[PDB]
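Peer 1: Below are the chains, spelled out letter by letter.
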Amino acid sequence: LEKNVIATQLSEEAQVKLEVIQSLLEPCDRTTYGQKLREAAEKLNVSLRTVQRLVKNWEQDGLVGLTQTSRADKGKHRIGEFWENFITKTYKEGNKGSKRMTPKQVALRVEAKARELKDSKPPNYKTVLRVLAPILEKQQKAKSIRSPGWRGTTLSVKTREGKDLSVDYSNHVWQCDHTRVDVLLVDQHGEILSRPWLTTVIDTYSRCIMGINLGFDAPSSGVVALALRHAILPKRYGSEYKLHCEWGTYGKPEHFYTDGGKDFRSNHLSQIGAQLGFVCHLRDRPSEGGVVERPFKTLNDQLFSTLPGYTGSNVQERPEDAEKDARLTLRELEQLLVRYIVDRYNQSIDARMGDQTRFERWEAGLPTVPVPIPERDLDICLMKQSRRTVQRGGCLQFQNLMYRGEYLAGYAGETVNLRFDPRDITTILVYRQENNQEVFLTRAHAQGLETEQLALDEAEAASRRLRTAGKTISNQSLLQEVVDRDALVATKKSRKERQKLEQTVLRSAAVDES
Amino acid sequence: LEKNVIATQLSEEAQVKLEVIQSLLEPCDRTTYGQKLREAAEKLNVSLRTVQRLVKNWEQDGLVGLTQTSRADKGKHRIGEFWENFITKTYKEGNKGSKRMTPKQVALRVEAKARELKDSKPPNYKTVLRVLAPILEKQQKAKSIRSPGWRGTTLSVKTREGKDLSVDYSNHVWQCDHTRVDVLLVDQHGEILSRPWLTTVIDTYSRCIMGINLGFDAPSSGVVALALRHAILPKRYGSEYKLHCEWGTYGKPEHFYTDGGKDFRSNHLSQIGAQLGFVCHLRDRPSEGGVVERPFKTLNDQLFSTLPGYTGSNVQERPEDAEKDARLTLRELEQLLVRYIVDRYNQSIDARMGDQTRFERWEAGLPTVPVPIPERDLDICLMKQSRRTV
Amino acid sequence: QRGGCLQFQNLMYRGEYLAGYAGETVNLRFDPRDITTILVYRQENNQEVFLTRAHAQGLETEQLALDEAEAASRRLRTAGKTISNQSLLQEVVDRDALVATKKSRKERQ
Amino acid sequence: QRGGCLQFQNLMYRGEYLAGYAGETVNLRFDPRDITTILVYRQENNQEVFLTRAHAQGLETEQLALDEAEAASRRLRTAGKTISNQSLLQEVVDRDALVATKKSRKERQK
DNA sequence: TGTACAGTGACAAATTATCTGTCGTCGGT
DNA sequence: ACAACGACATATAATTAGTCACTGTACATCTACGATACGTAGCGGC
DNA sequence: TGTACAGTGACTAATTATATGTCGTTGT
DNA sequence: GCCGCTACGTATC
Ligand SMILES: [Mg+2]
Ligand SMILES: [Mg+2]
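Protein chains in written order, with PDB author numbering: chain W, 29 to 542; chain X, 29 to 418; chain Z, 419 to 527; chain Y, 419 to 528.
Source of the hints: derived by calculation from the structure; they are not laboratory data.
Hints may be right or wrong, so weigh each one.
Cβ pair distances, simulated, as ranges [what the hints assert, rightly or not]: (1) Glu47(W) <-> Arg460(Z): 29 to 37 Å; (2) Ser172(X) <-> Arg451(Z): 32 to 40 Å; (3) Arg492(Z) <-> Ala100(W): 34 to 42 Å; (4) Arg526(Z) <-> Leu271(X): 27 to 35 Å; (5) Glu348(W) <-> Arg492(Y): 44 to 52 Å; (6) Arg526(Z) <-> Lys412(X): 42 to 50 Å; (7) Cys56(W) <-> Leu494(Y): 51 to 59 Å; (8) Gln216(X) <-> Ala100(W): 56 to 64 Å; (9) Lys191(W) <-> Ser522(Y): 40 to 48 Å; (10) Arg451(Z) <-> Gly438(Y): 56 to 64 Å; (11) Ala302(W) <-> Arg451(Y): 53 to 61 Å; (12) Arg293(X) <-> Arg513(Z): 34 to 42 Å.
List time: in silico DSBU-like cross-link candidates among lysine-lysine, alpha-carbon distance up to 35 Å [what the hints assert, rightly or not]: (13) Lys120(W) <-> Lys270(X); (14) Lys124(W) <-> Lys146(W); (15) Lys352(X) <-> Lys127(W).
In this text, a Cβ means the ideal position worked out from N, Cα and C, and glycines have one as well.
With the sequences and hints as input, model every part of the structure.
Peer 2: Set out below in structure tokens:
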């Protein structure tokens, strides 16, 4: 084991004592000790015994023997031990759970106990503040602790299962999460809508952003599936994005690492994982998600805080003009956000390295050039209805709609896996199991509405209105209920319901991409 | 105007110059004074001309003439005006409306213009911070400005009409406003309800709390009518409140001064005022009525922050246990809050005065003891249907 | 303070030209025989620059000495200490603790 | 930093008994001929007190001198400066500023 | 002239571990 | 012959612009919305 | 060993208003 | 054509 003490900058009295010690450092003759000790007593204006004591402290200890020594009672209160423990316990107990008691309130409890004990001289307010001083101080360091982070090139990710998985190359481990964007948006007229949701997908080996989905829709496994589709497929943008670089990323993960939200623990994402072959894993804590969490802070600082309609990070920062100053449509915010991610964010230097651009680290990081996946082969992203049973005459029933198709009647009594798109359920793909291998059977079409379209949400909402009204349900009556609601909304003086208008602007951006 | 300047913290070099000047205070003779200069040139390691300059700087300025004055460039920027105006106005435009542009983002706009103009020395980010520094301190100072206060027995409450009400005596001007309390309450089964609303009625002359209403109910002209009758009628509380002094406070205002809420600018309150004979007035800003707004902070600080289920003054300070740690019902919270107002708050020192309690100042401040109004004549609190036909 | 006010010996002083310095620190000089007019300085690099005279407000016309302003302040502090709530306040703070505990035992069961 | 870590010359140092001092300030002493190990001292009223040793992590085994670590640091700075806030990274800033500015629709009536 | 309470520098009074003499005692020359 | 002041040349620290290592703090679903009032327009019954 | 960017002390290079000499000139 | 009860627009805490 080891120990040492070193003097800090000497005080002026300690400097003088240093000159006296140097005056007493040379001699070898008892006569010269006596001479220089007596002149040192005169120089310090002290007794001869005092100079002897000074030399002895510098002999048995360092320069810290000729600096002053602090008192033994420094940092001990002179009030009784009962009172110091009473003040300490009263403060701590006053803060259990939701309660928040101030030192002044503690002082009132001190005075109340003093009346019970008939103590004419209890600790006053300043003494209570001093007694609680270190208790309040420690707290202020514990809240501020910095984490070292990772040093680079070697990285692993802690899962909620307690397992640590390494990250070895680009597209080894993707991560994803959603946020509100801190910007208010307007419709194509200039009336306010909502703050949109931004979903990002990001590669853990390179920190390069793989894809995004920006829209008014609340988070869902459908939103995660749209974001995976954009991440995975090769990307191209028209001149209206004004890009100078290309996003240039594509291909599919080996693992997908997420929060514990229902969106990512949904059966829909699990079916996407099993078809594309990328097992999912849940993060242990939000602090393990640093690679996906931090980019939202970076976007707030570099992008969103400069745009009209900025709402601040939270209500306490909200500019009073945030609703007076909203101007961007969703299509215009996406033009800005994609220019920023392609020309700026993915072109910045990767932290934890300093040598490499984030994209260059993705591209050089690849084990091999990934083979592009044809867009039609992302029909793996369709939801599966785990079974339906082929009724007599080849019918299937699904969400109240009745479907028939080109071969189904030969399979009556079997169970088939319907695979469907929630954006348009008027046609469904039917798959069956043969030799424990799922195979394609046919496309099934909702009888009598093959020329229409219906999202699953329209069919579900119209079905509730039919059940509430007490009317029967069939393909024609369900279709009539849907087109009648859109006609009734068209009679409204605003033609607005929040979702109908947010969907109109979102769909207008979605179908302007081509 | 007068124009004086005084030196401070003189000594560090200057004591050596001061001792030189002390040795030179008198032109003793043309023969001897020159010798004193040539001797002082041993204490300062400098020529006769440096000592003659020191003596002239002393005689024309006094003690500051010993101290080295700061350079004429101090606080000026060498980058040139173009860049100093470009940086200042870029910041200001980028923090217009809802935009909140940072100095780093301003530096990016500096590099962007310098690239357009083919400049080679666009100011560095460290110098951008320095150029924007003065206009950030101003913003921080302009938020921090303190205001003094009414001092002594004289008080003139400003209305939105620009007229000031001179508050002369107890019950001359009551004031009212509403706040959420910061505690989640539970039902009699222990399940979460909501945070109550508190209404107070304060007399401006005494700052005594003349009545309250506490409930889950919404601000309404009904809640204001209930706060008024509780303020006006004599008050009675049972022993389950454990009160040790009496809320002996009652009687009718001459004026009622309020915020712009629809409870107060309403036909119902106007019909209450016309029948009680008091005039309603509108508070010009939320800072003219500190007499009503500060009691609400005192209650957070003296009462509610020390109760279970406390929610903080805002969402960023919300104790995370508030929804799990709620215990009190509305009947407990009223039994605590009424005690606090009768035993503590109305019995504490009126802060403008320092030598009266709020209640003592109210009671002594009545121009006369008012006669209690029969509870039946508080029917005026009834709403009126104006014009229905038989 | 806003409007060019300073607080000295519990009196309030209004500066003649001081309102441009609201929120700034200043330092000030006074003759103890008559504190009714006070002299205010900006502190600066090694030097104090005279900024304005400032005048006391709300006081009587007769000139006010420093010791007299202390006298008014200690007499007023003695009244506040005399009038203070005391035992009645301690009783509230105890009974407020009790009620919380009986509810406390029922912490959602 | 948490777990008893310190940053010096861009290397990360882990202290042997240091972990209880997270969020505290410490001072530190080293021999420029070899900065693989650093001596950590607590600060007090007239004295520094020796607290514990700390060792560099993630580096090569060969003993690291101070001048050599400065060199490693300027090689990183030089490499980063080759991506010289390079023009793509700024060209966006005008167009972001000019999709805005152009859209003055906040209060446009007829 | 918002307002009024919790917290905070600047200073005075009570207490104490510590510095200084003075003399006595022990050891070295 | 001695003292004071300036014209001019010369060396000098004060101030600012720039560099770089160390570090504090937000990313972590989240205020547009609920609750009154007045003011005006409308549906069928009379 | 979370994360990565805006803001910040400690130090250094560039610019400059300013103190220091040396001598000439004027007044005494 | 006239009149008590509902319903929508606007403002403020
Ligand atoms: Mg999430
Ligand atoms: Mg109000």
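Peer 1: None of the hints should be skipped; say for each whether it holds.
Peer 2: Verification of the hints:
1. Between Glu47(W) and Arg460(Z) the CB atoms are about 43 Å apart, so this pair departs from the stated range of 29 to 37 Å.
2. Checked against the given bound of 32 to 40 Å, the beta carbons of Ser172(X) and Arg451(Z), roughly 35 Å apart, stay inside it.
3. The hint said 34 to 42 Å for the Cβ distance between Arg492(Z) and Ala100(W), and at roughly 38 Å that hint holds.
4. Range check, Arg526(Z) to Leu271(X): Cβ separation about 30 Å, and the 27 to 35 Å hint holds.
5. In this structure, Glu348(W) and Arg492(Y) meet the distance hint of 44 to 52 Å, their C-beta atoms being roughly 48 Å apart.
6. Our hint of 42 to 50 Å for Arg526(Z) and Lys412(X) holds, since their Cβ atoms are close to 46 Å apart.
7. Look at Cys56(W) against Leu494(Y): about 57 Å separates their beta carbons, and that is inside 51 to 59 Å.
8. For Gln216(X) paired with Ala100(W), a C-beta distance near 58 Å keeps the hint of 56 to 64 Å intact.
9. Here the CB-CB span from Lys191(W) to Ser522(Y) is close to 54 Å, at odds with the stated 40 to 48 Å.
10. For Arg451(Z) and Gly438(Y), the Cβ-Cβ distance of about 60 Å falls inside the hinted range of 56 to 64 Å, so the restraint holds.
11. The given range of 53 to 61 Å is respected by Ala302(W) and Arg451(Y), whose C-beta atoms sit roughly 59 Å from each other.
12. Taken as a hint, the range 34 to 42 Å holds for the pair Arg293(X) and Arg513(Z), whose Cβ atoms sit roughly 41 Å apart.
13. For the hint linking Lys120(W) to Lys270(X), the alpha-carbon distance of about 28 Å falls within 35 Å, and the restraint holds.
14. A C-alpha spacing of about 29 Å is found between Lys124(W) and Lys146(W), which places the hinted pair at or below 35 Å, so the restraint holds.
15. At roughly 12 Å between alpha-carbon atoms, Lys352(X) and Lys127(W) fall within 35 Å of each other, so this suggested pair holds.
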